[PDB]
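A single chain, nothing else alongside it, follows as structure tokens in the form deposited in one PDB entry.
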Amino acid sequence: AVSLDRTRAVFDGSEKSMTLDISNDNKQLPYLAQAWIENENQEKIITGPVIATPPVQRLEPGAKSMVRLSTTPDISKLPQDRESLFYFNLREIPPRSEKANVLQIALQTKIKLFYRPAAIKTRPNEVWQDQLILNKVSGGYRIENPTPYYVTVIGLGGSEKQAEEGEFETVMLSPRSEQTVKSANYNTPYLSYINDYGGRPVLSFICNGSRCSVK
């Protein structure tokens, strides 16, 4: 199977292109790798504002290559004070099985592609997720994301272990938004999220009544 090098891609709006590494992990057969972009509703767009090339390429067993993500002039039309959401897709076209009477599975990877305008370009060590605010309500918390970035929440517990381990319905807050999640009550809430690199940091909150903020 053909695999990508990451679980999310961040397109730095200050640049006009970027590349993602792919590789054919199969040690026997060569694969075709289809790549395309989808908008925030997971609908395929072939005209921009973000393009993927090549649309298809051949990968020898164990070989690695890349896909180039680039923008069009219409990229300027997206708002510049917040991230926009796209999805990058890579589907493998396996070799025709010699054996007939078979069901062949074509694997595909779909990851979020965050367009991040130059006006909100982040520093290398910048952490904006510590700006999240938790408001206790019946059955859980109303999470507020006042930042210009999408934030994916993967955990929420009364300890560091629960946050990262505990069962949780992952949700992604769009820029400057809020949404309620189900959860037990915690004295010192801990929240886990997926950052730009795929790391899963844990945050610690301190509460002042029903409103909790990062320590």
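Numbering follows the first chain given and starts at 1. By rigid core we mean the largest C-alpha set that fits within 1.5 Å across both forms. First, how it differs from the form deposited in another entry.
- The Cα shift for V102 between the two forms, taken after rigid core superposition, is 2 angstroms or larger.
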Given for the second form:
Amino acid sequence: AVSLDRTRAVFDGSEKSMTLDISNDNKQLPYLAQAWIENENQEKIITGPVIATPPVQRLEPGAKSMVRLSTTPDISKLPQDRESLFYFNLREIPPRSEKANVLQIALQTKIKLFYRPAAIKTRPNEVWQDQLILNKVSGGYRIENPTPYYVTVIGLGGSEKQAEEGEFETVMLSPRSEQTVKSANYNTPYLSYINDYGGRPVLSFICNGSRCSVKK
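Okay, that one was the form deposited in one PDB entry. Can I see the form deposited in another entry too?
No partner chains or extra molecules come along with it, only the chain itself.
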């Protein structure tokens, strides 16, 4: 019944807080909604540096509401030249059932919350993923992410279509890091990632030797 408004959240470090819209899509009964933050290892975080308020709230039928994301002073301890990873959680608590012998389902949504420091603030439709680099390795590719942001790769293929619909194990590269993936040799590699808005663009590479970069 309870739902969130986005599949990922970017917290602009130049600000002190932001809100996320939540909703009770049930038109007959009230549902409770719990919200909380987890660190990069999905461990619950209660005292900062990122806080979700209110931890719990009641949503009448059809009600819309919000959860506020804010930071404590210690948020300044996080590095300021790269993103830090957090997770936002939204779990509903359904009303007690009227019926006797019953099984109830309670949805829990978990999305990525990227803390983007002011120093690396980004423009409305800025693209940094075209900075990714592909290195041919035995049995596949080593995907390099030389940027200060987290990049979620969801496809790699020989054609734009294959990148989009081909079997691929989604992998997320931390800032200034790399990861190896099993793959066939493609003379024209196409890669697909998930952007801030949940969109799934596709990059086209041009290889020179065993190094591949996005074509200008």
